[PDB]
Amino acid sequence: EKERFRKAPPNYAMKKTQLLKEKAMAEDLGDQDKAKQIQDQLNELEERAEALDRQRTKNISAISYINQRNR
Amino acid sequence: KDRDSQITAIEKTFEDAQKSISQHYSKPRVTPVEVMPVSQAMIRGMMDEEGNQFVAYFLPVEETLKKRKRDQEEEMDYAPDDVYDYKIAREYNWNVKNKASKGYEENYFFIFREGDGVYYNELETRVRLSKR
Amino acid sequence: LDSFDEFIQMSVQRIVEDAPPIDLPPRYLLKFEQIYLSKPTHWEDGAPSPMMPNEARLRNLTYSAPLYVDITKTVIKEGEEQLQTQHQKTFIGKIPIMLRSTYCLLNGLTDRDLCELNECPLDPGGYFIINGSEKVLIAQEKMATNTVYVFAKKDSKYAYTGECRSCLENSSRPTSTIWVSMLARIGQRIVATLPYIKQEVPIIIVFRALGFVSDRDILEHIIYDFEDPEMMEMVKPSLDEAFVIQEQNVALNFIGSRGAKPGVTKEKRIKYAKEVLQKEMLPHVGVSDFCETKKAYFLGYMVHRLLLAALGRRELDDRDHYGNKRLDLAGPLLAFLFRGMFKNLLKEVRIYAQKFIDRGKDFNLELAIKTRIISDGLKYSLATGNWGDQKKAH
Amino acid sequence: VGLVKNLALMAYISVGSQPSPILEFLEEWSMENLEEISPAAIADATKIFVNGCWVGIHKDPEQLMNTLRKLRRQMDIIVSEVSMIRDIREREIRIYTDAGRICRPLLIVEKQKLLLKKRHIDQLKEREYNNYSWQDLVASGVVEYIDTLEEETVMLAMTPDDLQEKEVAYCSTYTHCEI
Amino acid sequence: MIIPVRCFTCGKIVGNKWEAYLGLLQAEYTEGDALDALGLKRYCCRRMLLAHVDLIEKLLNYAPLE
Amino acid sequence: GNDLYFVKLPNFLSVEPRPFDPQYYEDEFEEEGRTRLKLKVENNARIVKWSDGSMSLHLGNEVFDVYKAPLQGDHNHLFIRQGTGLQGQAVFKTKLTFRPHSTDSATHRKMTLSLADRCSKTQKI
Amino acid sequence: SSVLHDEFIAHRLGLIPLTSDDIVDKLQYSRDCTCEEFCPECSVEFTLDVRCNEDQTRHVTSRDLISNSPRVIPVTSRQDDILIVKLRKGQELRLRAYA
Ligand SMILES: [Zn+2]
Ligand SMILES: [Zn+2]
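Protein chains in written order, with the working numbering: chain A, 24 to 94; chain B, 70 to 201; chain C, 331 to 724; chain D, 46 to 224; chain E, 22 to 87; chain F, 943 to 1067; chain G, 32 to 130.
Worth flagging that the hints you see were computed from the coordinates, not collected in a lab. Cβ coordinates follow ideal geometry from the N, Cα and C atoms, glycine included. Hints may contain errors.
[Stated by the list, open to error] Calculated pairs, PhoX-like style, for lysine-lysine (alpha carbon to alpha carbon, straight line, at most 25 angstroms):
id, chain 1, residue 1, chain 2, residue 2
1, C, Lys419, F, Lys1063
2, C, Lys700, C, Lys673
3, C, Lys419, A, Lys44
4, B, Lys136, F, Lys1037
5, D, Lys115, B, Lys171
6, C, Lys700, C, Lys722
[As the list claims (entries may be wrong)] Footprint (simulated), chain A over chain F, 3 or more residues, beta carbon under 8 angstroms:
id, region
7, 981-990
8, 1051-1063
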């Protein structure tokens, strides 16, 4: 029960869940499961990448800008 | 899977390169400028010998010795083995015919600016010239 | 990483699928084929999930994939009753994975994901986790295989020794260190230290056993120019030194009379000396039914090259020179193991087939498959550092 | 001291590959196979050596070396990790495809100029912003992995310019340059 | 890990200057003018900002929670 | 009208030699199957030229990124050999002194099953 | 709960300069004050309470050091602030300090 309802991805768990989702996609010979998995994976990726850029929005963002222009 | 998905996405990509181009993975570092739209039988040449079948190292403006390439097959058992040369008199010229070097031939698709048209002209069999 | 990847992709397979089918009263076949390896896991008594390297580190686990194979249990008996029941994906053992390899969970994986796994993006990889210890395989250097060398061990009956560490390609047979050497001193005699023979034999007697009755015919293999009497008069002393043996058969007797197990009957001896000259010596050239004509060429080459060194026409080989060396990376180090570890399990399934047919009952391979051979051998050698079996670890 | 050692920065150790396309290729040149050869035709002919195996005889060794290297640059029949060594003094061509050979990348020289023209630097400076990479220098035949055993035969420069200028002659036959 | 509070040599406070220094590298400055514009005269204090490697930015990627 | 218009592509980017036609196209094909279908739903072409001298080849929103690198082992003439004349009427065009160097890629997947089983049986009596 | 140690925080706090002019020639040395712990006659009390709740990273600066004395502050009066730590989403720092 307790794994079901609460928002799953943040902080580290999304990486293992992404791997698991990939494994679920790969283990299926059915194209419908594959495409549903693909969709699910893309969505969680986007969500996660947003969350990462959000956290890095400040003070990480600033250093990213100086490093790209220094090289 | 399903056929309707395929006909849709193919005929759509015969238009999704014909839209306006303005952003890319390599933007803002670069932006696009202009467009080059898209059987065959190519006679390969040896870089040492430097083959006379088509004069790539000299680029002739007109044939000094012929009206057109009368390049039929080298035998009736040998249709892919074309004569590969720009000759029209019965003269004992030296121009190298296309030998059946399939072993190395491998893949090589060719296309052209066919008046800005959607087509293809992929190569059939990569035959090769020789000092014969 | 590359070394490992080639081991996982192209030496795990090709060590499995190299071994012979086992038989045993009716008898069976029992053949292996395709091999399967999954991402690493820990709970395949909990619910199944991927093991992450950092969890493997923190819990003193062993970062390993389960390993499976396709086995055909094939068997036939009286009445032409036969069957080939296949056990797809039978578990064999657990194989430790090199971090950031082609078969790691940490592969093609972004900085975001590496951080989310609590793992370093800067970590190079290339090491094993064994009981939550990071282990590296140090690249052991060695003299290059299949490549003739010449040296002066002057501290012996030999003025010069030619050498070849002949090897086939990761065979269940190890390398055979052949030597072909020139004695000090008639004077000037030349001998092959062939493998498993009690002692060295004059080279001409080798070519006689190879099947060259004629004198003219042996030297064409060893002396390319018949026009320089320089090299002619050099082999005479050995050519004189074999005039008693002229046919193949008496020749075989001569080598066969010096095996580690010399056969009591004459034909036993010939049966020996025919086998060593086809499988033992110079494997890399071929181990087939008729390869003597090409085994002849390469041996004449070794003699030829010794004659060149002795004439002084060619400079002696340097054993220190790094072109004469190779490096056992994490691929070859492991392939060396996995050979022996797979042989052990074929010894297990053997005795297990036997104890079971003798009852006249039927035998089952699932219990025959001792998982603890691979899983523990690997895990052992990668742990102690001892490159061997635990009982011969000294 | 001296027994435990360390790799160099650009050292690469050969992962290994099968000598089978080489065998197939070498067959269909003007080779002569070992089992169909008259023992009288080994005198004036070069000996071929695949992975330590004397597999063939060739009457022309200046056509092979030029052909084998062109493939080993053009990434097709002979993979980049292979080393081909030509011994001049003794008539021997040795090829290794096996594993464990330590080698390192060098720039190729032709005439007395580098294959690394300013096009490659321009494509390689603009990497990440386009898909180009080190493997394109390999595939374009600009840089080459040379084994220690093949480094025996190179005539190697130490800077592009300074060693390939015009003076009293040192060699004027450079084959490679250091990176 | 994180910019020192003081130049180890002299003792000038450099702890407040790291954000500002990266800000002056968001501007198109040479590091030599960035260091000068912040007022670091000594070649002791100037080493602190040149040489500081900011690893706290990498340690911050290892979230505890969320 | 004549220029460098030869284009090598990898196995997974094999474009049809003929225009798309509904009378020439059929449904035969199906992570495993994901790479399968791509062969004909994608692979008419527009090689876009860029201000840096790079090229991008488009068969969708997916991109192949390309450089006009030189060639020296393949110095042929390109020609439209159509079966009409004596034995394939090769029409002259560009010479193969250059051909595309470019990037087109793929991926893999993951697995998981079980280790050993139970044991320690005991017969009656 | 920061990414640094415990003493790293404490060490960095030590090196922050405090405005001393009006007060330093009034205070007892700690070792000379009669108090069983600390006195306003022998110390100034400081306080840091920081929790990163937001999404962006938290620059723990000398701004966060809250003094009980209005004069013995970090150098903020009249130009950035001494960076102590950087906090992530859910990390915190509570301490009290004496000067
Ligand atoms: Zn200073
Ligand atoms: Zn007090």
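Status of each hint after checking the structure:
1. Of the pairs offered as hints, the one joining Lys419(C) and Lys1063(F) holds, with about 24 angstroms between alpha carbons and a cut-off of 25 angstroms not exceeded.
2. Of the supplied pair hints, the one linking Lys700(C) and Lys673(C) holds, its CA atoms being roughly 12 angstroms apart against a limit of 25 angstroms.
3. Of the pairs offered as hints, the one joining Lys419(C) and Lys44(A) holds, with about 23 angstroms between alpha carbons and a cut-off of 25 angstroms not exceeded.
4. Distance restraint check for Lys136(B) and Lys1037(F): the Cα-Cα separation of roughly 20 angstroms lies within the 25 angstroms cut-off, and the hinted pair is therefore satisfied.
5. Using a Cα cut-off of 25 angstroms, the hinted pair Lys115(D) and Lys171(B) holds, with the two alpha carbons roughly 19 angstroms apart.
6. This hinted pair checks out: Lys700(C) and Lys722(C) have alpha carbons roughly 20 angstroms apart, not beyond 25 angstroms.
7. A stretch counts as covered by a chain when three or more of its residues have a beta carbon under 8 angstroms from one of that chain; for the region 981-990 of chain F and chain A the count is 0, and the coverage is violated.
8. With a cut-off of 8 angstroms between beta carbons, the region 1051-1063 of chain F has 4 residues touching chain A; three or more are needed, and the interface restraint holds.
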